[PDB]
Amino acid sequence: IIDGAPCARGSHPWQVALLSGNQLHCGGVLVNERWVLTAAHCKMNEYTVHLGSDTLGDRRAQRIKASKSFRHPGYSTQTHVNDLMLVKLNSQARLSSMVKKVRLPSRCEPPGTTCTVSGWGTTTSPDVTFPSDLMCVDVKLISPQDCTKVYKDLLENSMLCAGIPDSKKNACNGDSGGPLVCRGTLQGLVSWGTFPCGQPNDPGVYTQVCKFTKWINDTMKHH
């Protein structure tokens, strides 16, 4: 997260981290005891799942191994259309005051609503610096018609843009697949943005979770 703040203790119990080796690779959200909920470009092979949390990474806990994961059938790579993936956990996650399910949206939050994106990505750009503490920033939803003026072609109706005027002031490397989170309610997963991350009037994008809920719970089951 760029131009953010250390997120407030235990206010993100749905937030997870996907690790490889022991390096942070992606963020994610816990939909239930057996599933995350990340971006598709975070595939892997597998996955060590961290929750919860705030700091990577103490004790107490909990690490859980993944092994199985399913990418949305329409995911590109050239474009980042339908950039979401589900990750089946090897064992169940034990819900606590530090570990909870996200509330999936019913409704697509309109442009202009204040939101919160969070993660363990670099806090500077292009210059890498990885925080141990979960990081947090506030951000407004931006209408397709406004966002489109920046990113013409690249946008699809299932992508969502978020940012502030003026900036500067959104997600960055390693935050991919992380939550955003508007009055509720998970509206998106961080998908892509600019490099270097975050100046003034090019938004982040997001994966409108809002438009995949059908696929999401269909895709569980699986088993």
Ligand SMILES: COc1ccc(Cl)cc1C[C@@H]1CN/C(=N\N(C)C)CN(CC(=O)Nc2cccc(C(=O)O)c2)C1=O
Contents of the next structure:
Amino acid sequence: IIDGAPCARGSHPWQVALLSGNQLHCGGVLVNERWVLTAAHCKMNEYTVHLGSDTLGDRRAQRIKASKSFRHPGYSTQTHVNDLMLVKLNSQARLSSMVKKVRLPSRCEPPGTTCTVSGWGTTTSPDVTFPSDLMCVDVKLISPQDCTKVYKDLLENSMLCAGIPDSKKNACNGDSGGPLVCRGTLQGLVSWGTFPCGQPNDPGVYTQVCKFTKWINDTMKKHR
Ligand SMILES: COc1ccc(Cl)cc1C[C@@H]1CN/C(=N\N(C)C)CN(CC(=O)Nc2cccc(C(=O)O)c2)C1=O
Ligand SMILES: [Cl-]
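For the form solved in complex with the ligand instead of the form solved without the ligand, what are the coordinates?
So here's everything in the complex, that chain up top.
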């Protein structure tokens, strides 16, 4: 997260990180006691999942292994269309004050909407700086018509764009797969943008979650 600030404590209880060892690989969100949603480009053979603390490495955090994960079948490695994946926890998260399910959307929030994206990703770019503390930053949804001016053929109608005009405020390496939430609901998963991070007027791009709820529900149901 570039040009952001520490998340207020205990207010991102649905945020997780996917770790490789004790090293951050991706962000993600808790859908339920069994499942984490995150980006497809985070796929690994095995994951260690951190839940229930704004601070990485916290004594109080839960660490659960996840040995199985399920990418959206329409995911493209070449173009990153359909960049989402469900991650099955090897055991059920203990829900608590610091561990809640995210509110999945029932609606696509429109352009102009104010959102918060959260993550333990680099706070600088290209020179990297990693925070223990979960960082948050507010951006507005940006219309396909506006975002296509910048990115053209790269965009799908299931990708959602967000930023602030003339603003470095954005996500970055480590934030991948993590929550963009707007008006209480999960509206995006951090997918891609430009390098280095935080170039003014290059919006961050997100998997638009409101277009994949059927898949998310069917897949959890199918893999009960
Ligand atoms: C330049 O990066 C941007 C730009 C805009 C957004 Cl919204 C988000 C990012 C973060 C990227 C997103 N996408 C990426 N690949 N795409 C093309 C599928 C790369 N990525 C994964 C990544 O770099 N993870 C990572 C994890 C841990 C350590 C490091 C490291 O560089 O040290 C990197 C993103 O997170
Ligand atoms: Cl898969």
